[PDB]
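First comes one chain, alone, set out as structure tokens in the form deposited in one PDB entry.
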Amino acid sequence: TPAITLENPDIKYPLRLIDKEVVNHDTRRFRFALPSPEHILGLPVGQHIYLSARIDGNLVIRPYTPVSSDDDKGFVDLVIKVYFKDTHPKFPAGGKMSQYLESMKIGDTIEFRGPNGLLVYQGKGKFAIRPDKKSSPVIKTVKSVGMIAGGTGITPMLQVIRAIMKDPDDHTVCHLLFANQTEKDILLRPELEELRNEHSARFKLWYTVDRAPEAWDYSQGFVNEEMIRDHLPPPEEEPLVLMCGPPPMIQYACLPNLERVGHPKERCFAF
């Protein structure tokens, strides 16, 4: 195989920022060079990395979930929302690591470590999911997967979606319900709709927004029972249901409604 970057999850690897693209008003794609154009990251599908830096006198470590893969030689892509200072009344300082990243110049470096996470997608419908950090993975193969993502919670979902669509022999059908605050907050919309246009048989796409625009053909509001019933596969088909987003989205919007619809806890996983 190609040379792997992340050889031990406790080792730190400083990677150089080589590109940055605006995703929307507050979110960006940050691309970092791997140690050589021929290296791969070493990232089982579904796992994340951690970035670390000393910021204003404190150690700051944060996980980010690459949207690229081990097919992508020489680089790694992160999609990261910046939490700006002087914007939200409850958080006047903004976010530490995200603003630090936003301030980086091309050529600056930051330390990566990983990979980590309880879920690994092994292809052709097969998921290896550890109950916790100290247990063996349980191998669950499914015909379909429900995905509930809020905001930047789209990142692990997009890793899994892209891995599936690349393999013409992977017949797994993904049903994504993607929640954001407003229409302009819908991250990577062109990418998602390109995936729908090209893989409609394996990819079902639905949105909800807190605040909807005039003409809107999808859903509005926090994730609810109706959305889960109509836009994720039915419990009878025993799909896995994956969730990723703000903790209250998971706690108050997803879990009780997955219960109402009839998806058993055993079939559900939160990143």
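If you superpose the two forms and keep the largest set of C-alpha atoms that fall within 1.5 Å, you have the rigid core. Numbering follows the first chain given and starts at 1. First, how it differs from the form deposited in another entry.
After superposition on the rigid core, the single residue among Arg196, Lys124, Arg130, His88 whose C-alpha moves by 2 Å or more between the two forms is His88.
Shown in the overlay between the two forms, fitted on the rigid core, is a CA shift at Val23 of 2 Å or greater. Once the cores line up, the CA of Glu266 ends up 2 angstroms or more apart between the two forms.
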Given for the second form:
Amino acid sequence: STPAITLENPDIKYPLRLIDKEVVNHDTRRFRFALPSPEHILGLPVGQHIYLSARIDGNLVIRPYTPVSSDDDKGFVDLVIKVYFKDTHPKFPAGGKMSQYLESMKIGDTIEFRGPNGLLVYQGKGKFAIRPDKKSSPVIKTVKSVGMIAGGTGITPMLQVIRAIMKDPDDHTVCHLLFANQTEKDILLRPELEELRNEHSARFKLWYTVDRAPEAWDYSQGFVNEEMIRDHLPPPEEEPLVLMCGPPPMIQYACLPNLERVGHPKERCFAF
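Can you switch from the form deposited in one PDB entry and show the form deposited in another entry instead?
Partners and other molecules omitted; one chain follows.
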């Protein structure tokens, strides 16, 4: 039999109760929410995400999140969240709306989840189903490798796919991740990524860049660029699928122009 799914209809909002909040570091949290029963699963296909919605200071706010849990987890869903506090970043004095609202929640408070959502679904063994828009059928494409470029919070869509491939010992897809962040301190999910590299190096290639580097730094510094793409994603001759998730200026200025310079078809580079 299969477990009961939580996300039965994508137009329904499901208020889920907050049961645990881990302080991972000063500005990183893991929030665990109970599903409707301990035996439920979320019902989130690999490749897709949920939305959280709430009335925050009187206004509706909706944001996408990819859990760090999977449909293997019974009874809960986990979100890893970067909290963007006010009065930290000079360009963002107000800080972030949903992330500060999550940080404010008390154990036992609920928040609405919806899903699944997203134009890409991973069907296993290299096969991706990608819709051009929501109203259209998917193009099924089967690849031998996947380039992944994440910035900041954009890691969790990548991690979800990486995890799904590595857990299938008969999935020979090779993932190459290039992960950009502001600083070393701001990197999310580093232990988790490095665990995967330790266990699955043949199938999982990991590289970091940081806008500004620490004194002791073994990886790249600067924004994603042509060299990093040549050095840390599969070559275009191999026809990899390229996935991206990061802030709009990163995608627009750093990723697409440089994917094109290397020769990847820019039109086929998918942004979550």
